[PDB]
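Undergrad: Dock chain A against chain B, hints included.
The chain contents come next:
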Amino acid sequence: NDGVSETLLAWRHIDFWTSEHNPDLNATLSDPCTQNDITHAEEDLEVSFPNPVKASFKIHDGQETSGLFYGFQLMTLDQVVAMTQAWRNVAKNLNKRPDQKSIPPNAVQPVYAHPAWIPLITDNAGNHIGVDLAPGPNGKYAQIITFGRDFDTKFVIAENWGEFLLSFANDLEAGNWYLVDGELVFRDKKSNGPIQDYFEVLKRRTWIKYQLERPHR
Amino acid sequence: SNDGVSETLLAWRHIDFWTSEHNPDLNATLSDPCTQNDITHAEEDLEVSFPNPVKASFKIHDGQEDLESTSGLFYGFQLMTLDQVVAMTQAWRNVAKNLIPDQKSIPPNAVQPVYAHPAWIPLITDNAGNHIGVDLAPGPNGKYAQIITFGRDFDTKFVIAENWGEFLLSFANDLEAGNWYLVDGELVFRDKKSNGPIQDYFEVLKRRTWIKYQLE
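Protein sequence lines, in the order shown, are assigned to chains B and A. FYI, in the deposited numbering the residues of the first sequence are 84 to 147, 155 to 187, 218 to 300, 310 to 346. FYI, in the deposited numbering the residues of the second sequence are 83 to 151, 155 to 184, 217 to 300, 310 to 342.
Chain B extracted, bound-state conformation:
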């Protein structure tokens, strides 16, 4: 019940989809990590990766310049290690010295940086989508969160990496995309709406979902 099934399924949609509607993007998907690559990264960060994340890495070791997730790049294992260490330095500096918030409330620690937030996606401008290994009291271990430079408010966008990948795969299959050969961007088809930043889409979806679940105790 870890989201491994979802990860494998999703990568199929995404592998098939890219090869059909954007080969240039397909070609940036790297070879699988070896178990040793993963072990070495776990040793370096002193962390245990969630099953669905390891499953994802054993399919593609990130991307080798045009973001797969509507412009946002899937990070290589080496990039994940390096960036985690970069966030860990930032955290150290803050510990030896705007208001940070969470949606849902108390799901994510109200802090700028945490050693246990492992970035998997980057916008190459300081913001990420990653796996949270130190949830707030109303969060879940290995929930998927947004965090980074411009994320004073953190959002939980998925229950695991599998559900995140699959919901991205569902967006592609639903036709919620525009090509700008060109760059992949998001548009909501059913509504015939404008191009939107995928972060804003994820944020609104999180916010909507939270609001519709509030009534149930």
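Worth flagging that the hints you see were computed from the coordinates, not collected in a lab. Wrong hints could be hidden among the right ones.
[Unchecked claim] Under 10 Å between C-beta atoms, here's a sample of chain B residues computed to sit facing chain A:
1) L112
2) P115
3) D127
4) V130
5) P230
6) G256
Cβ atoms here follow ideal geometry from the backbone N, Cα and C, with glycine treated the same way.
TA: Showing chain A alone in chain B's frame:
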């Protein structure tokens, strides 16, 4: 590798030996080891993975147990059975779902500033709502599996050890230093070196944490 497993084993030797030579009755409250499947079942129930030093401790004693119409090993505070750990964790998980003066941490940002967290596993109890336990969800300047105080009267949480091993060992060092009074009789803390007064062990741990933070 450096999980503190060694420390746990070493500590339990001193504590087994000490109790036996000084307070037989207390030593008799130390339960038989926990079996591996007992643990597995507890890990399944809480959907959590115990740290090595904690598992190591449980595979030496499954907490304490008495039949007096009890008697905390940690200067009055009782080492919890696995069954008690499971039950109490689920009780704190209920509290967390239902959810307070200002919640705080020493060191700052080591422990989440919250009343209750599902990943705080109680190992010791004062039987009045307060605990020592293992923190499986540290703040950004904390360490995974650090030992913390939390519960009814701990609006401020204290990190008292880097792992369960170091905690047990520092308790063993207190015994061997002679920092104790028996009131057979109940075990209480006193700092022998400075001929100090009898004090609550929580207060001792709190001051030590506070001093350690200031010197760092």
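Undergrad: At a threshold of 10 Å, is the proposed contact between B:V130 and chain A supported by beta-carbon distances?
TA: holds, 9 Å
Undergrad: Tell me if the interface restraint on B:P115 is satisfied: Cβ within less than 10 Å of some Cβ in chain A.
TA: violated, 26 Å
Undergrad: With a cut-off of 10 Å on the beta carbons, see whether B:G256 makes it to chain A.
TA: Interface hint status for B:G256: holds (7 Å vs cutoff 10 Å).
Undergrad: Does B:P230 pass the interface check with chain A, least Cβ-Cβ distance below 10 Å?
TA: holds, 8 Å
Undergrad: Once the shortest beta carbon distance from B:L112 to chain A is found, is it less than 10 Å?
TA: violated, 32 Å
Undergrad: Please check whether B:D127 passes as an interface residue: C-beta within 10 Å of a C-beta belonging to chain A.
TA: violated, 14 Å
In this structure, the hints that do not hold are numbers 1, 2 and 3, in rising order.
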